[PDB]
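*Asks:* Here's the letter readout for the chains.
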Amino acid sequence: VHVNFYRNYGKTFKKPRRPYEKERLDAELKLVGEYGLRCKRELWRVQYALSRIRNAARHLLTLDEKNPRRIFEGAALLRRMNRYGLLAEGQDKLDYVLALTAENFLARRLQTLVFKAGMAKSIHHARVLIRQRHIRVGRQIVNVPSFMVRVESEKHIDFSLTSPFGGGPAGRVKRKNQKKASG
Amino acid sequence: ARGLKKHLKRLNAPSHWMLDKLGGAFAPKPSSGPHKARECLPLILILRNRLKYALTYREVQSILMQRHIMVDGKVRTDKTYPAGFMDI
Amino acid sequence: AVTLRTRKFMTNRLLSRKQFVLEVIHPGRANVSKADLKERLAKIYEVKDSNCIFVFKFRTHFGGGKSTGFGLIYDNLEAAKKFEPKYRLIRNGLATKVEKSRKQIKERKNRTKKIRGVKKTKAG
Amino acid sequence: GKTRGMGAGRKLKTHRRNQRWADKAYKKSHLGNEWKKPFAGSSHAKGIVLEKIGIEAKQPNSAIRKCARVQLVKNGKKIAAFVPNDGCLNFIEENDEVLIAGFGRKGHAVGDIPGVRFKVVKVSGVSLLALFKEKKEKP
Amino acid sequence: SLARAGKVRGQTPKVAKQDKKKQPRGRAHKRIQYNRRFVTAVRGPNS
RNA sequence: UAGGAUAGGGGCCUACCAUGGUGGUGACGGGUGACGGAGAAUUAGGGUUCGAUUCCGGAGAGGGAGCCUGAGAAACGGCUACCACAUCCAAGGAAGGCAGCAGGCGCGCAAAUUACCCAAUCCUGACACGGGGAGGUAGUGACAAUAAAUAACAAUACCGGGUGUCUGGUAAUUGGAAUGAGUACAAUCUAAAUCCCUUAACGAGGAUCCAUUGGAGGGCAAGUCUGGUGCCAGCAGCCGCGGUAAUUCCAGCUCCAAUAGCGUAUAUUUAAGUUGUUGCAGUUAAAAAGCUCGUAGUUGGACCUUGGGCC
Ligand SMILES: [K+]
Ligand SMILES: [K+]
Ligand SMILES: [Mg+2]
Ligand SMILES: [Mg+2]
Ligand SMILES: [Mg+2]
Ligand SMILES: [Mg+2]
Ligand SMILES: [Mg+2]
Ligand SMILES: [Mg+2]
Ligand SMILES: [Mg+2]
Ligand SMILES: [Mg+2]
Ligand SMILES: [Mg+2]
Ligand SMILES: [Mg+2]
Ligand SMILES: [Mg+2]
Ligand SMILES: [Mg+2]
Ligand SMILES: [Mg+2]
Ligand SMILES: [Mg+2]
Ligand SMILES: [Mg+2]
Ligand SMILES: [Mg+2]
Ligand SMILES: [Mg+2]
Ligand SMILES: [Mg+2]
Ligand SMILES: [Mg+2]
Ligand SMILES: [Mg+2]
Ligand SMILES: [Mg+2]
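Residue numbers (the entry's author numbering), protein chains in the order written: chain BJ, 2 to 184; chain BE, 2 to 89; chain BY, 9 to 132; chain BX, 2 to 140; chain Be, 7 to 48, 55 to 59.
Just to be clear, a hint being listed does not mean it is correct.
Result set (EDC-like, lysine to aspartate or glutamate): computed pairs, CA atoms no more than 20 Å apart in a straight line [to be verified]:
#: 1; chain 1: BX; residue 1: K137; chain 2: BX; residue 2: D87
#: 2; chain 1: BX; residue 1: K47; chain 2: BX; residue 2: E35
#: 3; chain 1: BY; residue 1: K26; chain 2: BE; residue 2: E60
#: 4; chain 1: BY; residue 1: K42; chain 2: BY; residue 2: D57
#: 5; chain 1: BJ; residue 1: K41; chain 2: BJ; residue 2: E22
#: 6; chain 1: BX; residue 1: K53; chain 2: BX; residue 2: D97
#: 7; chain 1: Be; residue 1: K36; chain 2: BJ; residue 2: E29
#: 8; chain 1: Be; residue 1: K36; chain 2: BJ; residue 2: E22
#: 9; chain 1: BJ; residue 1: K31; chain 2: BJ; residue 2: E104
#: 10; chain 1: Be; residue 1: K23; chain 2: BX; residue 2: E135
#: 11; chain 1: BX; residue 1: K79; chain 2: BX; residue 2: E94
#: 12; chain 1: Be; residue 1: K36; chain 2: BJ; residue 2: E104
#: 13; chain 1: Be; residue 1: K36; chain 2: BJ; residue 2: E24
#: 14; chain 1: BE; residue 1: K30; chain 2: BE; residue 2: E60
#: 15; chain 1: BX; residue 1: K123; chain 2: BX; residue 2: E98
#: 16; chain 1: BY; residue 1: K65; chain 2: BE; residue 2: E60
#: 17; chain 1: Be; residue 1: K20; chain 2: BX; residue 2: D87
#: 18; chain 1: BY; residue 1: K16; chain 2: BE; residue 2: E60
#: 19; chain 1: Be; residue 1: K20; chain 2: BX; residue 2: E135
#: 20; chain 1: BY; residue 1: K94; chain 2: BE; residue 2: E60
Simulated restraints on C-beta separations [claimed, not checked]:
#: 21; chain 1: BE; residue 1: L52; chain 2: BY; residue 2: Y95; range: 19 to 29 Å
#: 22; chain 1: BE; residue 1: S16; chain 2: Be; residue 2: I38; range: 49 to 59 Å
#: 23; chain 1: BJ; residue 1: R70; chain 2: BE; residue 2: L56; range: 39 to 49 Å
#: 24; chain 1: BY; residue 1: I98; chain 2: BE; residue 2: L52; range: 21 to 31 Å
In case anyone wonders, no lab produced these hints; they're calculated from the structure. C-beta atoms are modelled at their ideal positions from N, C-alpha and C, and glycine is treated no differently.
Work the whole structure out from these sequences, hints included.
*Replies:* This is the structure:
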């Protein structure tokens, strides 16, 4: 026996049924363009996660109100949404979470928040800065642009101490230029 | 098949032994004893996995051989002795 | 500077030691060597010698500036050489490494299991 | 029409069991004849090029399709395999080593080629695509 | 008759590949696609 | 019924007796490219297909049979015999069982190292201590799967939208900064090594540190551009294209889709309300038996506690 065989594993995107449709292609390209993504997979996985959440919520809403197997996970789902900055404080019902959409999720990505916090000149500059180890959430360096930030950590994104943009020594380009100008 | 089995697979262990699935291929088979081997907590799962006294299947022995464990008013050395309910 | 923080501390009287999870905050350096860390642990825990301290299973956190591992402190060196695996004694120079091959030993065992008597050792 | 009694489960089950046989796909799969085909339920096969032939395309088309008569090594059956990608008949020689695959319609003739259900995929351990694009040379 | 196999490909004229700058890859390729189709698109892409 | 045998019940076997036992609610027999299950894929629901493989149960050690020891075996990394292979040999004899690990031949469309270690999980022995191809570790690995680089910004030149200013877009143009792929002290990892994580020093401008796979008539997103061929060569899953002006073949440019993934072949889930219990059909499209009777099956009129509170 190999114990490593017991590790669960799964897939995170689905691909569309009809591959060549003009309106869907333009919609997806529009979203990719101003959300600074890399391919249609980065958006298909967000759609997949949102579909799972919506299916769970719809299954919950089909049950009777006085059913504990509705109350408990309804509270849990609303707690997760209010924790991730998706649902507002004025939407505390299971019906509002059915109205969620993909741009709600894409608005909470670390790249999107870095761009909207004024730290990046553009949403592509934000992704470049994230992947170059210049951004720390709380105290932890993050170099994953898909990092979904929570509300309590929204006030801690800042350039890292090691980063030249957060008080670090000059990079090899600047140091090479100083070496050239030294002699 | 032709006789008794001396091995217990981790996935076949009792549920109340909350054992990490990727911790190994085998679980400690409880020895023959007072309790039914499915409602028992072997000594290996006491000095380990419940107390941090021992870290491996090498220091449970290193402290049983010192005769440091006295279950039900008697020193016991078998690391898979089945302490099963209300045993002191 | 470098700071050390011990968590999940426990005085194991059964094995006569103290075990803890050790966290090193080391900004400005890649890591802290176990040799450079044993003296710090001794100076902050008042251990007369430097051999009863065993630090292992270290790991640097992603991003850097932090490391964690496990540590053990022994009341006596004689108690230390009674409970640890030999390899940890080797790491601190408290034992000697024996150079041997398992397959060679199995070769010899199979070869000499056919001879009966004191002549087994004669087949060298 | 249908038997709607609550006690009529056996009648419905037996009727459906009998009537599944009129299905073309079900009868194809559950008759067991798929094992008597040359591939014997295999995706690909291997063979020896017996000869190089051409077949006139069916009407209203007019062309000569460069096929190849080959013999499978797993059961000895002789089949004709298409050779696509113009100029790829030159790569095939006599008594040569080829890997054959189905043509695409699951045991049905594809295109205007009369009675050809296989296409040559590899020759002498090299793909026809690599030779056609000059990525590889025949050994 | 198999003597005419590989006729047109063998007898076609040969023109070498051109030389050009490499296109952006990954995120930048989608960036330029979005710019070409939404930003500066104020009717065929290969007219 | 009475014994025999077994650890023990029992036609399990023996003597005697009786004629019973199963079957259209499918016995008996045949096929299975059939080990059974937990489960897998696809799933509006119902469903269809698969289930050799790491968990549970069973069976086997080339094929059958018989048995010793032992608490436990009809054991094969135990014996005895026969059949089939096959190994030395001094030709009198002797020894065999990889469906264990690694490896070889063969078969094939189809599957990796004759490596290290008991450090972990556990098991076994007289035993804290030996041993463990169980198990773990490294090697090969685009089976499958996760995250994710291949550039970002400014100026200048050119061109747009809200005479003018701003906004926005392209240039093997000009600048600077940023960084990891790579290399490498070092420490850490590890039973010992290695990978990762961390990090001195070096490391990007055509940032050559050069993205690919399929297509561009329709289905189906993208060319009635240019050159070649001329019902030939070929393309084409289907419809179809090529007979001197080819939007479909052979190539260049341009463009499109997915993108470190894509194409092709088989099997089967959806699509399929084209298997229809949910939920299909039967005048003419395929499909009411020539007609009636008829047992099993399926299906069968109405009628019998309500006031009565309390609660
Ligand atoms: K009996
Ligand atoms: K025994
Ligand atoms: Mg077994
Ligand atoms: Mg009897
Ligand atoms: Mg009799
Ligand atoms: Mg079978
Ligand atoms: Mg099975
Ligand atoms: Mg296997
Ligand atoms: Mg099994
Ligand atoms: Mg057996
Ligand atoms: Mg065999
Ligand atoms: Mg046997
Ligand atoms: Mg064997
Ligand atoms: Mg065996
Ligand atoms: Mg393979
Ligand atoms: Mg073309
Ligand atoms: Mg179109
Ligand atoms: Mg033309
Ligand atoms: Mg119909
Ligand atoms: Mg008619
Ligand atoms: Mg009719
Ligand atoms: Mg009639
Ligand atoms: Mg009635």
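*Asks:* The structure should be examined with respect to each hint, and the outcome stated for every one.
*Replies:* For each hint, the structure was consulted:
1. For the proposed pair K137 of chain BX and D87 of chain BX, the alpha carbon gap of about 16 Å is at most 20 Å, so the pair holds.
2. At most 20 Å may separate the alpha-carbon atoms for a hinted pair to count; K47 of chain BX and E35 of chain BX meet this at roughly 18 Å.
3. Distance restraint check for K26 of chain BY and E60 of chain BE: the Cα-Cα separation of roughly 14 Å lies within the 20 Å cut-off, and the hinted pair is therefore satisfied.
4. Restraint check for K42 of chain BY and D57 of chain BY: the C-alpha separation of about 15 Å stays at or below 20 Å, so the hint holds.
5. Simply put, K41 of chain BJ and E22 of chain BJ have alpha-carbon atoms about 14 Å apart, close enough for the 20 Å limit, and the pair holds.
6. Only pairs whose Cα atoms come within 20 Å are accepted, and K53 of chain BX paired with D97 of chain BX is accepted, the gap being roughly 11 Å.
7. Between the alpha carbons of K36 of chain Be and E29 of chain BJ the distance comes to roughly 11 Å, so the proposed pair stays at or under 20 Å and holds.
8. With a CA separation close to 18 Å, the supplied pair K36 of chain Be and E22 of chain BJ stays within the 20 Å bound.
9. Between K31 of chain BJ and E104 of chain BJ, the direct Cα distance comes to roughly 11 Å. Compliance with the 20 Å bound is thereby established for this hinted pair.
10. The suggested pairing of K23 of chain Be with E135 of chain BX holds, with an alpha-carbon distance near 15 Å, which does not exceed 20 Å.
11. Between the alpha carbons of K79 of chain BX and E94 of chain BX the distance comes to roughly 17 Å, so the proposed pair stays at or under 20 Å and holds.
12. Restraint check: the Cα-Cα separation between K36 of chain Be and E104 of chain BJ comes to about 18 Å, which is no more than 20 Å; the hinted pair holds.
13. Pair hint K36 of chain Be plus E24 of chain BJ holds up; C-alpha atoms about 17 Å apart against a cutoff of 20 Å.
14. Pair hint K30 of chain BE plus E60 of chain BE holds up; C-alpha atoms about 18 Å apart against a cutoff of 20 Å.
15. For a cut-off of 20 Å, the pair hint linking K123 of chain BX to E98 of chain BX stands: about 8 Å separates their Cα positions.
16. Between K65 of chain BY and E60 of chain BE the alpha-carbon distance is near 18 Å, which keeps this suggested pair within the 20 Å criterion.
17. With a C-alpha separation of about 16 Å, the suggested pairing of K20 of chain Be with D87 of chain BX holds against the 20 Å cut-off.
18. With a C-alpha separation of about 19 Å, the suggested pairing of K16 of chain BY with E60 of chain BE holds against the 20 Å cut-off.
19. Among the hinted pairs, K20 of chain Be with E135 of chain BX is consistent with the structure: their alpha-carbon atoms are about 14 Å apart, no more than 20 Å.
20. Our distance criterion of 20 Å between C-alpha atoms is met by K94 of chain BY and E60 of chain BE, whose separation comes to about 13 Å.
21. The hinted range of 19 to 29 Å is satisfied by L52 of chain BE and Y95 of chain BY, whose Cβ atoms lie roughly 25 Å apart.
22. Judged by the Cβ atoms, the range 49 to 59 Å given for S16 of chain BE and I38 of chain Be holds: they are separated by roughly 57 Å.
23. Between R70 of chain BJ and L56 of chain BE the Cβ separation comes to about 41 Å, which falls inside the hinted range of 39 to 49 Å.
24. Evaluation of the 21 to 31 Å hint for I98 of chain BY and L52 of chain BE yields a pass: the beta carbon distance comes to about 29 Å.
No hint from the list above goes unmet by this structure.
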